[PDB]
Amino acid sequence: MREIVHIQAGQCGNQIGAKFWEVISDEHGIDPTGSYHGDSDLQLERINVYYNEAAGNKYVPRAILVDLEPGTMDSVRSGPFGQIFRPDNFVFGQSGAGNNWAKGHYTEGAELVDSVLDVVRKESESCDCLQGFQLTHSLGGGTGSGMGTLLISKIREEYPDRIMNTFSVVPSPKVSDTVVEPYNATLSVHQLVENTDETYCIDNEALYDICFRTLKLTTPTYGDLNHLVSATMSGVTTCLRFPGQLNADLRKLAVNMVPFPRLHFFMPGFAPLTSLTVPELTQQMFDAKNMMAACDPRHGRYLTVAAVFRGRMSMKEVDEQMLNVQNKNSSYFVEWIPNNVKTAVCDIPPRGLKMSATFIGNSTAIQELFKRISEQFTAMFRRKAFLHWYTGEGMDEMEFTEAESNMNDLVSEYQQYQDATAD
Amino acid sequence: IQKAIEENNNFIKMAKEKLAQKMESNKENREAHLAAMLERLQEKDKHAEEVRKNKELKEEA
Amino acid sequence: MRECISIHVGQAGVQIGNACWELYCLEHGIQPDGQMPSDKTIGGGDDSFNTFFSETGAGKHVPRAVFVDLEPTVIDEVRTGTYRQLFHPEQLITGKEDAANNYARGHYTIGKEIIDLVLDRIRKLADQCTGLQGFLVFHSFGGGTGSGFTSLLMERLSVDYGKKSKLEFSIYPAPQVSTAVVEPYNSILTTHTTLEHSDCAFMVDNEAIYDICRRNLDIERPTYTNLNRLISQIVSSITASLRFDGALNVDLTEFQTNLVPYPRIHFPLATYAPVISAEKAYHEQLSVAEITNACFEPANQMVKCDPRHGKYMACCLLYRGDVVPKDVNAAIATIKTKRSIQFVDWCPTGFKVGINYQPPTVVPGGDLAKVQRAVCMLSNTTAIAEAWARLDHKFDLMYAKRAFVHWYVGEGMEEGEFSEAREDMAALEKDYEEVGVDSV
Ligand SMILES: Nc1nc2c(ncn2[C@@H]2O[C@H](COP(=O)(O)OP(=O)(O)OP(=O)(O)O)[C@@H](O)[C@H]2O)c(=O)[nH]1
Ligand SMILES: Nc1nc2c(ncn2[C@@H]2O[C@H](COP(=O)(O)OP(=O)(O)OP(=O)(O)O)[C@@H](O)[C@H]2O)c(=O)[nH]1
Ligand SMILES: COc1cccc(-c2cc(NCc3ccc4[nH]ccc4c3)nc(N)n2)c1
Ligand SMILES: [Ca+2]
Ligand SMILES: [Ca+2]
Ligand SMILES: [Cl-]
Ligand SMILES: [Mg+2]
Ligand SMILES: [Mg+2]
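Protein chains in written order, with the authors' numbering: chain D, 1 to 275, 284 to 358, 367 to 439; chain E, 83 to 143; chain C, 1 to 440.
Treat the hints as calculated values from the structure; they're not laboratory data.
Just so you know, even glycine gets a beta-carbon here, dropped at the ideal spot from N, CA and C.
Please note that a few of the clues may not be correct.
Claimed, not checked - Listed below are the simulated DSS-like cross-link pairs for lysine-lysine, each with C-alpha atoms no more than 27 angstroms apart in a straight line: (1) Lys401(C) x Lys104(E); (2) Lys324(D) x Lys280(C); (3) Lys96(C) x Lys122(D); (4) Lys112(C) x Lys100(E); (5) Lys370(C) x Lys304(C); (6) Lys338(C) x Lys326(C); (7) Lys164(C) x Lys104(E); (8) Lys58(D) x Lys122(D); (9) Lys100(E) x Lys164(C); (10) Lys95(E) x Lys124(C); (11) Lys338(C) x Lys311(C); (12) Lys112(C) x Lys109(E); (13) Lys154(D) x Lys128(E); (14) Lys104(E) x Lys112(C); (15) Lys352(C) x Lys104(E); (16) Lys401(C) x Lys109(E); (17) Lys324(D) x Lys304(C); (18) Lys98(E) x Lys311(C); (19) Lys96(C) x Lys58(D); (20) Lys304(C) x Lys352(C); (21) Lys304(C) x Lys326(C); (22) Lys387(D) x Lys401(C).
Stated by the list, open to error - To give an idea of the chain C side of the interface with chain E (calculated C-beta under 7 angstroms), a few residues: (23) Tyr108; (24) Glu155; (25) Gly162; (26) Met425; (27) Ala426.
Stated by the list, open to error - Some chain C residues flagged as far from chain E (calculated, every beta-carbon gap over 12 angstroms): (28) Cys129; (29) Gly131; (30) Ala289.
Modelling step: build the complete structure from the supplied sequences, incorporating the hints.
Next up, the structure:
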């Protein structure tokens, strides 16, 4: 009865969103046609969270597919599980955004946003009790970045008392040659600092370092990067998709993870990263090499942390090992938030893995990522490079200054609580 | 016995009032929060309509 | 006559209510369908068990209880579980979205929409009573519903039923099962708001219950089912005086007179024995003296604290089963000569004793062994303030940085309510210190 509405915008948003629906569809036993072919009733106890039950025992994702280019719309429609999405939930423009935030946020995206809100509204009205929304998108492009933040603001207008979370792919030179990505990212964060409850920072720099250094994959493709993303998104959503003894809804989880409204940018983590004992999984999942955000947790302090374990394991051993890591690493947990580490266990493991672990961390070390983006931003803005693309769409240059100062403020705020003490 | 009745009634009176007071102030506070949230978003839409209008003047050049 | 209405609020309250009413049915020989063959007075009666059960003309024995939660998944398990038939549908009340571990949502935002319905359903039970005694409220401190809505309910019950008595069974948060950083905030807020509206509150520390299950039942990792079934035994011992009768049975109200010297000092410490697995219990029957000694081993307390480093204001022993006064008095004599039991100078040192002859019952397939005699000690000790201190310390650590406070302010609360509640706890901690000082 706690339905979530899924939205995917832009090139990156639509691809990682497809991976998400492919993985969880397999986990819930749903085939490309929408028929259930499962062995246990536990697959269906929370199927409504992400699926509508239609006539004929068919399950349809509660998802809307959005982009300013029609190319991706056919690509999604033809890939695996292409025809299971509601066809009228595909919303398209003609021109595109050309990796320009202003086009997605102010001009071309504004032209298409209303039609998107129509499909959102009709999906939400058919919810017994809507809990919130999740968005998949990148921050380096134009559609997912610009229009994605616009859509969030419009949804926050009509549904101000619903949770709005995002899976945001952060840009990195190691994966993209486009140069104006720091501009788009900084402009997106300026919006996300205000209009989201939880933002999982999926950093392409970290995904590359993982695929190249750890997984030993020379020349990584987008498919290699997203396979990590699907594993993480599956693990994060396991708390809601499966019936553990945790009676948690998006709001309850946010209440436990967000001590301050602006500090809601999480470091994802996964283990094992290969292609295992509970102590090894716990030690690996707290390692800097296993983080999906290019940050070292030993360079900061944890405000809150959540560890999700999947598989058949000793719940006693999990409790002992989680207490071990805290005791042996007490310096990296703020002492003014007692018992700030949560643990969930799901008996159902992901596909082709006897045991996995997903890590959600609200660490002040996330500043390292924002500092990186801020550096690339200022390198250009002090040089006024490529500004004509944005002012040509009606933007003033201080709008760049405001977003820059707001991100530097966010970094300093992370530093203030990192330096804070109890007595 | 009159005093006993007086005390039971006052305890009920004080409780009824203080509760009503709390849940009127709370209604006011939550409304003032969402009213400010929407007014911020509506102020964004003005700056949005202004950005669209600023592009429309220079394309006339 | 002298009926009691039980109110179960939130997940903890509801699930503990499930275990309690399951145990009551077994102790009284009531079947899951509500039929009780031994009751020959059909559709009514003034038996002792009628204080907790009403009767229908069809012979069904219906708990005088109300279950309430702001989300339906937990009460839904009752609506489809073994004892669905026991309760009339109107006794099971559910909202649609919970309080998300936020006291404000349970007290203001979400609680506001359902409070009137609950009171009306409670009124329907009260109108069935010839001489209603009071209320038993089961809830947690940490949950948003268990804390916020309970506070709202207690406030509204004081208005609709004047000073009619209200007893609490409160779940004190323990990190071993507490999955919420904000539970200290909710705990202080609700303790402050209910303090003037509660006559007697029995606090249960999940850590204490957790350790007892691990230590005495050899359960590597107990579940809520393990904890609740044990909690039911303590609840049953406390309520056995109201549900059974006899020549040595002392009413709980008579114990309450001794346990509350000041209105604010109404938090008794409960200790229970024996908790023993069937493997150990075999060929090892415990005596009256052995279980009485266990009542003074702190490892058997419902709340972690040190009575040895505090002072007593009252000591009550509630025996049930094969117990006679002679053995009780002998055991008490030995204990007085061996253990650190210091009373405040302004109250007598005697022990108030009660005995129920109906022996303890255990749930089929449980971990507790069936025993011939058991005891629950209720003591007013200053040491209980240690629980307030630990909780207040955690509150201070987060509130100094206003951590998570925005979630409460966003639902309409003011910072002043936080400081107001914390100050009340500071006075409460000081009150306990005062009562323990020697006179002049
Ligand atoms: N990991 C991963 N990243 C992707 C993928 N596709 C695009 N990206 C990222 O997307 C960013 C660029 O944005 P776009 O791909 O243009 O997406 P967009 O925001 O919709 O921008 P436009 O549609 O072109 O206006 C780059 O930093 C890429 O790394 C993908 O398949 N996998
Ligand atoms: N002893 C015991 N405690 C429980 C049980 N279930 C939950 N709790 C306690 O309740 C707290 C978690 O909050 P909930 O009980 O779920 O909150 P709620 O009263 O259901 O209301 P919400 O905030 O909406 O969830 C923790 O501190 C738990 O220790 C239970 O079955 N037995
Ligand atoms: C963005 O959309 C979604 C969709 C589905 C889930 C989530 C999500 C998952 C999650 N998993 C670990 C966790 C965290 C805090 C906890 N507290 C008690 C148990 C517990 C477990 N944590 C958060 N915050 N969100 C977010
Ligand atoms: Ca590439
Ligand atoms: Ca009868
Ligand atoms: Cl909200
Ligand atoms: Mg594109
Ligand atoms: Mg609940």
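- Task: Sort out whether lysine 352(C) lies within 27 angstroms of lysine 304(C), counting only the CA atoms.
- Result: Status holds; Cα separation ~23 angstroms.
- Are the Cα positions of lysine 401(C) and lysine 104(E) separated by 27 angstroms at most? Holds, because 25 angstroms separates the two Cα atoms, which is no more than 27 angstroms.
- Interface exclusion of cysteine 129(C) relative to chain E, criterion Cβ beyond 12 angstroms: Given that every Cβ of chain E is farther than 12 angstroms from that of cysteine 129(C), nearest at about 19 angstroms, it holds.
- Message: Given the hinted pair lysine 370(C) and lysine 304(C), is their Cα-Cα distance within 27 angstroms?
- Response: holds (26 angstroms)
- Message: Checking one constraint from the list: CA of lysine 112(C) to CA of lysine 109(E), max 27 angstroms. Satisfied?
- Response: This hinted pair holds, its Cα atoms lying about 10 angstroms apart.
- Holds or violated: are the alpha carbons of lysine 112(C) and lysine 100(E) at most 27 angstroms from each other? Given that 27 angstroms is the threshold and the Cα spacing comes to 15 angstroms, the pair holds.
- Agreement of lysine 338(C) and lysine 326(C) with the hint, judged by alpha carbon distance not exceeding 27 angstroms: holds (19 angstroms)
- Query: Taking only the CA atoms, is the gap from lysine 98(E) to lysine 311(C) under or equal to 27 angstroms?
  - Reply: violated (37 angstroms)
- Message: Between the alpha carbons of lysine 324(D) and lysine 280(C), is the straight-line distance 27 angstroms or under?
- Response: Roughly 23 angstroms separates the two Cα atoms, so the pair holds.
- Query: Holds or violated: are the alpha carbons of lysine 154(D) and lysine 128(E) at most 27 angstroms from each other?
  - Reply: holds (13 angstroms)
- Below or equal to 27 angstroms on CA atoms is what counts here, so check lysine 96(C) against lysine 122(D). holds (20 angstroms)
- Would you check the hint for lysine 387(D) and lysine 401(C), treating anything up to 27 angstroms between C-alpha atoms as holding? Given that 27 angstroms is the threshold and the Cα spacing comes to 24 angstroms, the pair holds.
Of the numbered hints stated above, those contradicted by the structure are hints 15, 18, 21, 26, 27, listed in ascending order.
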